[PDB]
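For reference, the chains in residue letters:
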Amino acid sequence: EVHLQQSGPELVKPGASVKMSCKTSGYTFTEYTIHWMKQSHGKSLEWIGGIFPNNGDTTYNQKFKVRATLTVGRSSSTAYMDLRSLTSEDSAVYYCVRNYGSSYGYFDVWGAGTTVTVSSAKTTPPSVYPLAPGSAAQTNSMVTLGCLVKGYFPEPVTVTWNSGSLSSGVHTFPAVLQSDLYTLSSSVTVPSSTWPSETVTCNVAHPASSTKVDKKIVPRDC
Amino acid sequence: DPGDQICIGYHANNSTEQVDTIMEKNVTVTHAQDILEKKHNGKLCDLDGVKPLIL
Ligand SMILES: *[C@@H]1O[C@H](CO)[C@@H](O[C@@H]2O[C@H](CO)[C@@H](O[C@H]3O[C@H](CO)[C@@H](O)[C@H](O)[C@@H]3O)[C@H](O)[C@H]2NC(C)=O)[C@H](O)[C@H]1NC(C)=O
Ligand SMILES: *[C@@H]1O[C@H](CO)[C@@H](O[C@@H]2O[C@H](CO)[C@@H](O)[C@H](O)[C@H]2NC(C)=O)[C@H](O)[C@H]1NC(C)=O
Numbered sequence: 660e661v662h663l664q665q666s667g668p669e670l671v672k673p674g675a676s677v678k679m680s681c682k683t684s685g686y687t688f689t690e691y692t693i694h695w696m697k698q699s700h701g702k703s704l705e706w707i708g709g710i711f712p713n714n715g716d717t718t719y720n721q722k723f724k725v726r727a728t729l730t731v732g733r734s735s736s737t738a739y740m741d742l743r744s745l746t747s748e749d750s751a752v753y754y755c756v757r758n759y760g761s762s763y764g765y766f767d768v769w770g771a772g773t774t775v776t777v778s779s780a781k782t783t784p785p786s787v788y789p790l791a792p793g794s795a796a797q798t799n800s801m802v803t804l805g806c807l808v809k810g811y812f813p814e815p816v817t818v819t820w821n822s823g824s825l826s827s828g829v830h831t832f833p834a835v836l837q838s839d840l841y842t843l844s845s846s847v848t849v850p851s852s853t854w855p856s857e858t859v860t861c862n863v864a865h866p867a868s869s870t871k872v873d874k875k876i877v878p879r880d881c
Numbered sequence: 006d007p008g009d010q011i012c013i014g015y016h017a018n019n020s021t022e023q024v025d026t027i028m029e030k031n032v033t034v035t036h037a038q039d040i041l042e043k044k045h046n047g048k049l050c051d052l053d054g055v056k057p058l059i060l
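Going line by line, the protein sequences match chains A and B. When you line the first sequence up against the numbering used here, it's residues 660 to 881, in that order. When you line the second sequence up against the numbering used here, it's residues 6 to 60, in that order.
FYI, nobody ran anything at the bench for these hints, they're computed from the structure. Quick reminder that beta carbons are idealized off the backbone N, C-alpha and C, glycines included. Any given hint could be a false lead.
To be verified - Distance ranges between label pairs, derived from CB positions:
1) B:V34 x A:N714: 41 to 49 Å
2) A:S699 x B:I40: 50 to 58 Å
3) B:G54 x A:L704: 17 to 25 Å
4) B:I40 x A:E660: 18 to 26 Å
5) B:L58 x A:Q721: 30 to 38 Å
6) B:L58 x A:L704: 25 to 33 Å
7) A:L704 x B:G47: 31 to 39 Å
8) A:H830 x B:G54: 39 to 47 Å
9) B:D25 x A:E705: 53 to 61 Å
Whenever a hint applies, use it, and build me the whole structure from the sequences.
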């Protein structure tokens, strides 16, 4: 129905500027006002501002008045936001959202989320290491297998098992920061009979570095 | 020599506000009160809170 498709995650040097986009679809662009929400990672939601397409009227939060600049491409049916001279402060997630009616309105359709990271750090490709259990102990009714992605920047990365055909029983843990690089792990759990007969491959992708790698779990032959 | 005086009188000003009367139109008055609104804003709006269904 009413989809708001927005820009992909970005990384910016401190002091620089970003321009994330939001593409509207499913309704008539000029009939509802569009807004932006900032959420400091897993905390609390802040209102930035709003813009009405049809004439380009803007309505800002006191806090964001200087650093922000909402723009609209009517021709393109797309809403833009622009953040000037960033800091660690601004490192958070940003939502493009449709507010229903005017000043006294509710946000009914929330966008995907453009997540921005502010750091002088350089981009670092990850490293994938498969996790086969020791030949010693053997997990009986269900065999747990794993995948380790270590030392990468910036967020995020995508983890799949057998190109996606493998599902419910997979847990991909949130990344953690280790010596200024990210590190996370995944745990696919399949029935004992299925492995090692069936090919269990780890498919990982890191966009910021244009990297896509596969690793197959080969049993530990002690 | 002249003797003292007291006068009774009433307010005047630079008003050009004008009212009509059954016996006389365009009578110029010191003060007046418009009670007709002739202006609107040309838009369809939320009413008390609630956006209209604009088909
Ligand atoms: C009571 O006062 C009214 C306002 O002062 C007055 O209205 C005025 O009427 C005259 C003509 O009757 C108009 O004068 C001219 O208007 C247009 C301007 O485009 C021209 O085509 C002509 O030259 C015409 O003479 C005034 O414009 C009009 N004033 C307003 C504000 O509309 C009444 O006529 C007065 N009534 C009486 C009985 O005196
Ligand atoms: C009506 O307007 C006239 C014209 O301005 C006023 O007369 C002036 O009053 C000021 C007082 O501030 C004097 O300094 C000027 O010398 C006057 N000008 C003239 C041309 O006389 C008059 O006071 C106004 N009447 C009312 C009731 O406000």
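Going through the hints against the structure:
Range check, B:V34 to A:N714: Cβ separation about 42 Å, and the 41 to 49 Å hint holds. One distance hint, 50 to 58 Å for the beta-carbon pair A:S699 and B:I40, holds here, with the actual separation near 54 Å. Distance hint for B:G54 and A:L704: a CB-CB separation of about 22 Å, consistent with the stated range 17 to 25 Å. Look at B:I40 against A:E660: about 49 Å separates their beta carbons, and that is not inside 18 to 26 Å.
Under the hint 30 to 38 Å, the C-beta atoms of B:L58 and A:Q721, about 34 Å apart, fit the expected range. As the Cβ distance of B:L58 to A:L704 is approximately 29 Å, the hint placing it in 25 to 33 Å holds. For A:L704 paired with B:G47, a C-beta distance near 35 Å keeps the hint of 31 to 39 Å intact. At roughly 45 Å, the beta-carbon separation of A:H830 and B:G54 lies within the given 39 to 47 Å, and the hint holds.
Our hint of 53 to 61 Å for B:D25 and A:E705 holds, since their Cβ atoms are close to 58 Å apart.
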